[PDB]
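Only one chain is shown below, in structure tokens, and it's the form deposited in one PDB entry.
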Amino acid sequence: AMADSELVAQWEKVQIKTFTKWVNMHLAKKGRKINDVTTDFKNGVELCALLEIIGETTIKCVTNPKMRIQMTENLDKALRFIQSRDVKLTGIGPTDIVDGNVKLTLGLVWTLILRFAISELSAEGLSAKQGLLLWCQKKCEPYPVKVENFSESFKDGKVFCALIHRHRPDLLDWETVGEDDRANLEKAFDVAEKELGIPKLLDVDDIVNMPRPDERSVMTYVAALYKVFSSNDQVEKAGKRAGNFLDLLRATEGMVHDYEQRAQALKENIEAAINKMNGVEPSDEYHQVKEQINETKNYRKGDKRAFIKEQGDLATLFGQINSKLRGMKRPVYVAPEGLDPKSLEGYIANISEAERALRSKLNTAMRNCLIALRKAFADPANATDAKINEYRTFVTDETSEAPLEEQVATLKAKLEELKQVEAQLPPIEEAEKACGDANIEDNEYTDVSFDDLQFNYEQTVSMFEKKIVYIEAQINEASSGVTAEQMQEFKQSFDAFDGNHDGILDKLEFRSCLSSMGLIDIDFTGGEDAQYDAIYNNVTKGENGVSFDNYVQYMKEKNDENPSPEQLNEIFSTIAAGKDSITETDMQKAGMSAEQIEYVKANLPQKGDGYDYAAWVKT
């Protein structure tokens, strides 16, 4: 693997051309050019200008050194810059470069290539050459190329083409490679010249002819390739970084758009609700107010909670937007007028104020409504209980001097006055029932039930009617031998059989009366009766009803059928044939039933063989 002294001099000739081609590749950015590194650095000027372009620092070397002192002083300062960056330069003096020593000058051009073209590859344990080799090995994993050194591997040129297709496939077609050594080289150098910007640092003839190309010369060409690729990665890297930053802003805008339309909708909804609440008018009817109170319960359960949630969610979104921007060092976001979170917090407070104002005037309508329902029954009931009780104590009181006919007339007049109260009662009953619909079971305004009114009214009119017939009966006692206490009992029964208080007994009512008394055989079905029809026509005189006067007249006739005491003594005397005693056999001969006989036995005092009927006819 040793080189030949002929091949060593060939390498140096190649290394001097490629090192020259690398210097003026950088100098051409400043219009400057050198012919030969081993002679054009003897004056020190061209080195300093090359150090200032790769080093980005101003060095003030003499533009036209005529004396060797300026050339050597030139190289003291120009070398000191290289020494400042960490490159080992123990061996060279400035005179070594002025005198034009080939091996040391090529070694000096070599150090600034490592420092300024592939310094990033070094990693404290790996030299710049080794890291660049690993860099070449990685980029060619798919390709059928073998990279073991900088000389033998690149001779075929197949590795030069894989590096460009790995980074920029667009530039050189990959199918037309793998073969010719002039073509694939010239194709790669051409490609690097027109679109990678790299001049053909390597001569196409000098590599195909030699057994092994010079290592350092090939590395210098790769160095330009790596340096332009590091830019391509550095722009891509900045391209990725600026993408993340633009996507966050673009997404953050989408939040600002969503916030603003939601904050506007909230305001608009809260404004619509308040207008409904502020506008409703409470009703004077209970079931209406209950429903109006119920609609505020739907709000507290429904939309109210939703507004409070949306308002708080927006205040979270607003803070989340601003939390991004502050982390991005972006100017904070500020919301449109009247749409910042604190304003929204106010609109919630503004609808809470409208709601509080609404339900307050609703319950005030409710108590006024219930009070009206209690009073709508209590006040007229109290007044009507008082009015009938006024008439009640009057008919109860019998301290008048006034003649009896005047009492009757005044009593009847007072009856008609009380009578009109009957029509007032149905409206009072609805008032208590209207309270049952409003489920009120507590009234502090009155203790009267409606029944008490109906009972008290119906009882007190009866008393009036009962006292009329009583006092009229006293007045008319001589005219008709009917005791006033009998008229009471007649009126009590008549009124009792009068289902509807029309003061007259129906054909149907009169039957139910007589069947009770047992004066006619009973027919529960209600079928026609010729005897009753004849009794009814006779009593009423076809007056279409049994007048009370006609009722009394019938009853008087039934009473008059019965025997007087003195008439009753003669009836018994005839049974006994004229003795104080009535023997059982005396009755049996008169044909009396056994139940009749047993009644006499059980009711008359025994006087020997017979029973003393003198007790009945006491007379």
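Positions refer to the first chain, counted from 1. By rigid core we mean the largest C-alpha set that fits within 1.5 Å across both forms. First, how it differs from the form deposited in another entry.
- Within the set 187, 290, 52, 233, 233 is the hinge position, where C-alpha fit passes from one rigid part to the other between these two forms.
- Of the two rigid parts, the smaller turns 128 degrees against the larger between these two forms, judged by C-alpha superposition.
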Given for the second form:
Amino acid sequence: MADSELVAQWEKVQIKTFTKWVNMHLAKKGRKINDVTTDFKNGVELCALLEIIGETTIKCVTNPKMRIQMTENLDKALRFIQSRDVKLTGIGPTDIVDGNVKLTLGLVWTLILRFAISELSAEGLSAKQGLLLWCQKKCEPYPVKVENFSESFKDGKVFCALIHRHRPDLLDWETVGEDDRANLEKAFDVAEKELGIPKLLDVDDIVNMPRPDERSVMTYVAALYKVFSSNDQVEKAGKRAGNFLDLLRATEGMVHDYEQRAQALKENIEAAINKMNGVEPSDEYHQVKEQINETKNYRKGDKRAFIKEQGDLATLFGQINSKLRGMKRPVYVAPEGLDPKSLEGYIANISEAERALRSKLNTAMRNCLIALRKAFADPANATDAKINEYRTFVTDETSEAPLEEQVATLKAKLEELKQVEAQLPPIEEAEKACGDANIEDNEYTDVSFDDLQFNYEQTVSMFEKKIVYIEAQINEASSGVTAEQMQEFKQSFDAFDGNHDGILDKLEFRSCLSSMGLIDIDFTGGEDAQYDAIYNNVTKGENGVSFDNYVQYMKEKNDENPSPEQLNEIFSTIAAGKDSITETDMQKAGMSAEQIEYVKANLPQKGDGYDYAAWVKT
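Mind sharing the form deposited in another entry? What's above is the form deposited in one PDB entry.
What follows is just the one chain, with no partners and no other molecules.
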């Protein structure tokens, strides 16, 4: 009969915990019982416990005098119990009054089930088993087995499981799983101070006993169910889902922003490649420079922005994926061809498009450059060569032809070279072009434009000179001008003829004459009127100065000059016979001091006089 001590010990525990359960409710009305087996005998404490948990007015006798009134009290109380789905055919009021142990404890038992765990029953499952299923489901991750209401809860790691499964903030879990005194005390303490569940079970007489009482344990779990089921626990569970949903919702915002922007970037890179593939490399320099310059704006602007953006997105996609890795949720997969690895390839492309464009533009500029240099070099080299061929021709004097023919030949060859004059202003333009295009190296020619202009002018003037000199040779008999002499007239005349019309202007002629100093008249209140008349005298009409008129004048002025014999007479007459010319003779003759000085300077002296034999020598 050892299986008799265990039955008793349990009764001692089941009386403690069923008492601890009644006054937990009675307390809300200030009432209290000491022992369920003895304090329910008068009926009063049961009726008042029923009125608090059931919320109905039962007005029983507070001080029952006779066993009849105690019984009277219980019938009113038993009517209330029976009305709710409870079976009470077995028990009568007579024995609950007597204070019968197991029937009182069986009645306290029936009420508990109705008022704490009746909700659990599920068409094929008793109150005990539906509560057991509720324990079982809430303990799936935990290293406990929940198999009965005695053996399973002895350990007490199942009591801790029920609090951590519902509220992980109140008792941390991996600090559970060794001591049986500890984990229980911690759990009963947690339900007492923070859940408001009174310590209905003693910590010491569950650890001391081989198996705890099944009914006592069930009472506590039911109380635990009501607190965790409580409205406030639902509210706590609201805030928790809130926190989790909100993070996903901010993360929705993050995936939307990335999507809008990733698309944008893909589109923009695409736009750029169309532009780049589209542009066609110019033949013209200022255009190609402009095309080159264009690329530099992109490299400077957009290109920079496109790299940065792809960066930022690779950032965003990574960050977003971290957050879902963090939430234990599945990773974000970006729409086909908007993953960042895809995105990076797009950058690759426009980099590939740029490199192909500028290289294409590079050869353009190179080619353009070459063409520009040859646009001045090939003509100028053709032209330098032409003038030179004609230079050599006028330089050649091996001809054995008649002079009149040589003149005709010359003027004929002159025309050709004169024709060249028009090609000069195009080549000047082509050199200037090379200048604008910034080239300070030619490489195809040494020659310059100014060299061409100067060489041409010289060769043209060279022809003009040889023409006149052979024309004056032809004319020597006819007009008494030394061929040689004529050159000098042509030479002088040309060089004042400011235009090249071979006629001197009234202004233009005066300077020529003024140069040679033939106009003795100077200043005198500007007494150049004589010139008005001299101009007219020279030009018979003529409204300008003829080369022939010019020459006429000069021949006329030359005729005024005495011959050397005629010169001799003048001196003879000065000296009155003697060849020696004394200073006194000249002074008496009236000559200016300066004239005398020249005579002395220029004439060899014999004795007291100056001989003039050498001047007459010819």
